[PDB]
Structure formats: structure tokens, C-alpha cells
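Asks: One-letter residues, chain by chain:
2 protein chains.
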Amino acid sequence: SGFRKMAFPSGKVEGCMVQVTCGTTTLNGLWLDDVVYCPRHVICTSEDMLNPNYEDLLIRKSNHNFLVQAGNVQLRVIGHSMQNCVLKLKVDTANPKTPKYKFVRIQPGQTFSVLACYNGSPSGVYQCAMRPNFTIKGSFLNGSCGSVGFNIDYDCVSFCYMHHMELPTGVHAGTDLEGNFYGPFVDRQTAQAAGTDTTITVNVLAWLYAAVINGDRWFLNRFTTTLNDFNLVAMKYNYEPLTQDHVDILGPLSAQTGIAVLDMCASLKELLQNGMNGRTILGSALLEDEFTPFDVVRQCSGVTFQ
Amino acid sequence: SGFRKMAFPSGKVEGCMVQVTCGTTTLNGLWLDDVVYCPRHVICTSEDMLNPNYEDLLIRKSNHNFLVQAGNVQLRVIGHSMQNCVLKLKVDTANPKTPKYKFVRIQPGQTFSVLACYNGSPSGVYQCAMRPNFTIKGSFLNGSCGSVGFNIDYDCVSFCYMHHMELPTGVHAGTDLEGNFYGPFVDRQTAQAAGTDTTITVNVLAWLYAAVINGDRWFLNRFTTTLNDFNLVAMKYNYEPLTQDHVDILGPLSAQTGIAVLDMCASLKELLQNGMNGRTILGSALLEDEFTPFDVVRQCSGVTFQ
Ligand SMILES: *[C@H](O)[C@@H](C[C@@H]1CCNC1=O)NC(=O)[C@H](CC(C)C)NC(=O)OCc1cccc(F)c1
Ligand SMILES: *[C@H](O)[C@H](C[C@@H]1CCNC1=O)NC(=O)[C@H](CC(C)C)NC(=O)OCc1cccc(F)c1
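In order, the protein sequence lines correspond to chains A and B.
Count the first sequence with full-length UniProt numbering and you get residues 3264 to 3569, in order.
Count the second sequence with full-length UniProt numbering and you get residues 3264 to 3569, in order.
In case anyone wonders, no lab produced these hints; they're calculated from the structure.
Incorrect hints may have been included.
Unchecked claim - With a Cα cut of at most 20 Å, we get these calculated PhoX-like pairs of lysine-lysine:
#1 B:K3400 x A:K3268
#2 A:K3363 x A:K3351
#3 A:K3360 x B:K3360
#4 A:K3324 x A:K3363
#5 A:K3353 x A:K3268
#6 A:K3324 x A:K3353
Said to hold, decoys possible - The following label-pair restraints were derived from C-beta to C-beta distances:
#7 A:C3419 x B:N3484: 28 to 38 Å
#8 B:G3546 x A:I3512: 25 to 35 Å
#9 A:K3353 x B:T3288: 21 to 31 Å
#10 A:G3342 x B:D3355: 25 to 35 Å
#11 A:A3456 x B:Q3507: 40 to 50 Å
Stated by the list, open to error - Listing some non-contacts, in silico: residues in chain B with all C-beta distances to chain A over 12 Å:
#12 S3264
#13 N3335
#14 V3434
#15 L3549
Cβ coordinates follow ideal geometry from the N, Cα and C atoms, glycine included.
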């Protein structure tokens, strides 16, 4: 038993990380087949680049302007292109460690594993959720750009994030692997801010289900509420609305515990209006919303990824 | 910026995990060079679990009774010895993916990454702290025994933990890689319980320093304290005593922030007395104690946000 925030094993991704290093700027790249993907802002910017023309900068560059290092090894770049905010560098060598992979775009509320890297060397791994305001609460320092987020599906790696920047509130923003930002952000060093965050209601409910399963029950009551009644409580406490689909995917957990989903929602008011009243749930004094319903099921069962 | 519980990249350990099976019982093993290490209770019959004489069980086994599988490959066992509660199986094949590694025994308060595995296949990775009562608060299901905890320090893998059992309160216990349990526990299904846990004070202070490095100061105060006065108050909140060694180890973090350790202790005293008053520190409404001073220095930058 037990419930822990748990990243996917990172070995399949560690073998794809490289250092991409142009001019004075160093960041990480993702080496798949004979292409290295990295954030486009690696391109030697103006000096002054109040507003960089990435299209025009890339035309001024040759192949060897880009130094790519794989472990201690130099990779020969033979072509370079851009797709949205990602720079695609062709290399002469296919990565022999390339896993089965697909590029996917993730929805807010869904989670993925982050492999933080520096100078092309993996440094750590942790789980993040795509917030409703399209930021993630991560841990990134200078040189971490190009770190990627992913999920593993048996043996298929679904890459879903590149890392790009940090917002003034200390949270983080990035793109999918096709170079499309999550959220209303741009890759310029200008005034940017995250919208007011909301709480992922369906994940909170899943986490409460995980709590009852592991023995925590003080917050339950015999009351219920209709879907409409709850949503007005959520809208006051800055929570995502709860849809009939959300209730549906929570079905399995309702069976395991014998609480109807709306019958759990009655608890959630209680937590929202009154609070936890000096108590804790799964070792937290807050309501946690970065465990998806599947994350909970992936945890009560043992799903491995050979 | 940002602060997260961050595991080490698990790739170096993923390549060492295998499946070991004796009769009807299956668990994970650690394959390094031509030896596979796994918990000795894999030999146990069902028939008895309370008082097995493992020496007697093992003498009755031959090499081919042990089935070792690395992915799709069966490994042939050519020798077997027992060291405390760990079984060492010699194999005819050295693991070619074997890293630089060391076996270490960690002290309470130390942290490590756990690679949860099932049927020899990695399932997830997460950070754990050796609690003062010699348990870890993990996530383990049936079949997870043989999963290991580790740290990586310059491509050297320090193995410090092998999982054996779950205690009645939902926490977990295991051994070092030499087979000696952490704590007064034994690998039989008898009446066992963890001692009362305490809070790892030096880790809490490290985490408070981490908060300051990341720009947060609301919890500081204008006071200082003597080491003894702090410990007399802390023990009243069920906190581990703080030793001069702990104060010395906090030196670097105190230098980076310009907060004296005893001034940070003054803050913690006030936090224990007051609570969070609806506030959070690094996104938690509780005082977190599973980040060591080293964990903080590894993750934060060396430039604080003054
Ligand atoms: C073995 O893989 C692992 C499984 C435990 C029990 C469930 N979650 C775990 O981490 N350890 C054991 O099965 C040990 C083996 C002993 C002989 C050392 N047995 C055990 O922990 O029994 C207690 C127990 C508690 C909860 C649930 C359960 F199935 C067993
Ligand atoms: C890439 O390596 C870097 C990662 C950032 C840096 C510090 N934490 C991160 O996540 N990205 C950038 O530096 C980014 C590049 C521009 C072209 C988009 N700019 C940026 O993040 O500026 C905001 C910032 C805030 C605090 C500290 C900092 F260095 C930068």
C-alpha cells in the first residue's frame, strides 16, 4: 500500500538527451533517429534582441554554427530547420538508442514525467500536471531548456513537452514537440504572466478516493449533492467545473469505495467551506490536484513498462 | 526556480533489474557483474512464514531451483550464498549494463530514490527519506520486494536499500545491500510495528532555507536562539534533536542566504508555535522534512533571490 507521486522510469529518455550549444548559449536537445529537437531560441540572438527574428537569424547560420554533443561525442549536423518554436537539426547519425515514440499534445489536468537536464546530462526526474492555466509547477534552473516531459505506454514513449521558460511567479511554460506552446506565451524575454490558476476538480476527487482506499475517512459524510449544486461551490473556490464525463471516468473508484461521486462531492464542499479542521489527508494539509484518476489506478495496481 | 521532490534518473538502475522465482514466489533482483542480489524470503515455502530457518531452506535448494530472467533471457545460476537477509545468486553472465556502483548504509534522515519494480520490470521512481524509526513511507504492492533505493553522485550508483516488507501502519522496511535490516525488524510474518516517528529537524531547516533561496521570507523573525533552547522546544513538538554537526552541515546554505542557522531555528520555533495561518511554504501547508541539506543544494541555484 501507500500513495506517492511517482514519475515514469526515465532510462528510455536518458539515452536521447544531448547538448545543443550555439554561440554563448547552451541547452539540451532530444536526439531521435537522425534529428535533434531543441528550443529555437538557442539561435545566436542579435546581441540586443529586444525582438528576435528567428526566421531571419536561422538563414544567417551554417550547419557548424550548432555544436551537438552526445555523451562525450560530437554529432555532425548536416541540415537545420524550424517548425514553430522548435529547431530541428539533422545529424549524420541515427541514434541507436531511439525508443518507440510518438509526439502527443496533452490536455490540461493530465500529467507527465519531466526529466530535468543540464549540459545534455540528465539531472533528475519528477511528475508534473498541465495546469488549467497551461503552466506546470516544476523545478528548472539556467541551462535546463530542452528538458522534456513524457509518458510511457508499455514501451512507447509519448513525448509531450519541451521546456522553454520561467514565468515571474516561479512556474514554467513550454511547448509540445511540434513547437506549439501550451498557454498564451511566447519565446521572448518580455513581460509575461500566468493567468489565475484554478484547481483540477476531477483530480482532487480522485485523490480523495485514493485517501479512503488507504484508510483516511474523517472527511466523508452521508450527504450528497447534485452536479449543478456542486459547480456553484467550485466556481466560488476557483475550481474547474465538474462535467458528466469527469463523473464517468471516476466510476471505477466510486465502486471500489462505495461512495457515489456526487456523494464524495458533498465532502468536497465541507473541505472547501470549512477546511480540514486540523486534520490531514494522505500526509497533506492541502487538497492535492495533480493525481489523475488513472494515476490513482496505476498506483493501486502495479503497471510496469518493459 | 521551483522546488520538487526529485529522483535521480533511473536508467542506470533499470538495466540491472531482473525477475527471480523460487517455486510459487516471484520477486525482483539486482544484477551487478555476475551476481544477482534479492531478498532471501523468496525461498520461503507457504507451508510456513512465521519462523522459517532460511539456512535450512537454502541447503535444500539446488542452483536450478532458482529461475532468473533478465527481460526475455533466462540467466543460469552457478552458485548461491546467503549474507544476512539477502540472497546472492552467482550467474554465468556478467551484466554488461553494470554501472560504477557502491553499497552504502545510510543514516536516518538521509534520502534516496526508489525504483519500484514488479516482475523485474521498472514501474516508477520516487524519492524517500530514511525515517528516524527506520521505516520509509513508500508505495509498494505485492511483488515489489527486491526493488532498491539508490543515489547517483557523478555516475556512481550508491545502492542503500532493498525492499522487504510492509508494516501494519502502511510504512515499509528493508535492508542495505549487505542484507542487514534498517531498524529492529525481521523478515517473518510475526507481530511487528514501527516505533513512534519523529520529525527530521535538520531537513526542515534545510527546506526553510530552500524557501528563502527561492524568494520567500514571510516566516522569518527578528530573534535568535541558543542551540539548547531550540532543542528543548523542538522536542515538545516531537522533533529530532539538532546537533552541532547538523548546524555545521547547514553552513553552506546559511552562507548563501546570510541567515545564521540559529536564526533559522528561531523561525522554526515560531512556525511550530503559530502554524501556517493559511499560508504555504514551497507549496506545502506543513513543514516538510524529507529534503536533506544536500538535496536542497543539488536542486536550488547558488544565487538566492534577494
Ligand atoms: C513483497 O513483495 C512485499 C509486499 C509487501 C506487502 C504488500 N506491500 C508490500 O510492500 N513484502 C512482503 O510481502 C513481506 C514479506 C515478508 C516475509 C518479509 N510480507 C509482509 O509485508 O506482510 C505484511 C503485509 C502487509 C500488508 C499487505 C500484505 F499483503 C502483507
Ligand atoms: C533555458 O535554459 C532557460 C530556462 C529558464 C531559466 C531559469 N529557469 C528556467 O526555466 N530559459 C530562459 O532563460 C528563457 C529564454 C527566453 C528566450 C524565452 N527566458 C526566461 O525564462 O526568462 C525568465 C527568467 C526568470 C528568472 C530567471 C531567469 F534566468 C529567467
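Asks: Determine for every hint whether it applies to the structure shown.
Replies: So, going through the hints one by one against the coordinates:
1. B:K3400 x A:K3268: Distance ~12 Å between B:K3400 and A:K3268 Cα, so the pair holds.
2. A:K3363 x A:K3351: holds (19 Å)
3. A:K3360 x B:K3360: Holds - the C-alpha atoms of B:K3360 and A:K3360 are around 14 Å apart, at most 20 Å.
4. A:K3324 x A:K3363: Violated. A:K3324 to A:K3363 sits at ~32 Å, over the 20 Å cutoff.
5. A:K3353 x A:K3268: The hint is violated at about 36 Å.
6. A:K3324 x A:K3353: holds (14 Å)
7. A:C3419 x B:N3484: 28 to 38 Å: violated (53 Å)
8. B:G3546 x A:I3512: 25 to 35 Å: holds (26 Å)
9. A:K3353 x B:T3288: 21 to 31 Å: violated (51 Å)
10. A:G3342 x B:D3355: 25 to 35 Å: violated (47 Å)
11. A:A3456 x B:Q3507: 40 to 50 Å: With Cβ atoms ~45 Å apart, the hint holds.
12. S3264: Check fails; 4 Å does not lie beyond 12 Å.
13. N3335: violated (9 Å)
14. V3434: violated (8 Å)
15. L3549: violated (5 Å)
When the structure is compared with the earlier hints, violations turn up for hints 4, 5, 7, 9, 10, 12, 13, 14 and 15 and for no others.
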